[PDB]
Amino acid sequence: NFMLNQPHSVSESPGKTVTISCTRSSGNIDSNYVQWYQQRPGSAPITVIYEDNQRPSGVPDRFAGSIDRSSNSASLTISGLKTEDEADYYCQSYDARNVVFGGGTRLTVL
Amino acid sequence: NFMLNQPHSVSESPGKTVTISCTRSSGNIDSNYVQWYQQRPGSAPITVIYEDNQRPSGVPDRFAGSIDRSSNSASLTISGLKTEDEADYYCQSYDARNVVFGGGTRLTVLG
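Residue numbers (PDB author numbering), protein chains in the order written: chain B, 1 to 9, 11 to 27, 27A to 27B, 28 to 66, 66A to 66B, 67 to 107; chain A, 1 to 9, 11 to 27, 27A to 27B, 28 to 66, 66A to 66B, 67 to 108.
It is worth saying that the hints were derived from the structure and are not from the lab. Hints should not be assumed to be uniformly reliable.
Unchecked claim - Here are some, though not all, of the chain A residues that point toward chain B, as calculated from beta-carbon distances under 8 Å:
| no. | residue |
| --- | --- |
| 1 | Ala43 |
| 2 | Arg94 |
| 3 | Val96 |
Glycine residues also receive a C-beta, built at the ideal position from the N, C-alpha and C atoms.
Hey, can you work out the whole structure from these sequences and the hints?
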């Protein structure tokens, strides 16, 4: 088993870039795919990144996923922030007998 | 290209067994693994079921995943219902390689 640790929240201005990171506590981050989910409270989550850095159809190119083996973390970078981007972001990966989610990062667009 | 439709709300008394459906709009429900996530207020989702009926350790056997091919859907059944089970439940599967989520179901324990 392992944990995916990410900041409770982060704030940034519209038009700017923000990076939300997810650190895996044990085992190598590159051991399994990392997904990034966007959820606006009251609605189901939406996949913005799957398999570390692949954006599904219909997701703006302003979203990009990356993996950093040196820090054993995954990052979601959102450029040109739009108000609509305000939402909670959860990273997720696979362990052995479970799917583990990060605590989620509340992104506030000032 | 498909959607995973679930009932918006479901309610049941404590102690009883509640079933939450997840219906795939197109393509066989059994052609890709279905996961079930439990999301309590202001917190992160947790996996209660993965690969159709697998329970990670920690999750009570009170939760069970199943597949009904006649209604092309997956179901999460929760027995010994407790007020603590109240939360939003999301089913999830794969379209190509993308992760598709169900609309979600608000489970209220009328108790």
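Taking the hints in turn, this is what the structure says about them:
{"no.": "1", "hint": "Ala43", "verdict": "holds (5 Å)"}
{"no.": "2", "hint": "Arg94", "verdict": "holds (6 Å)"}
{"no.": "3", "hint": "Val96", "verdict": "holds (4 Å)"}
The structure agrees with every numbered hint stated previously.
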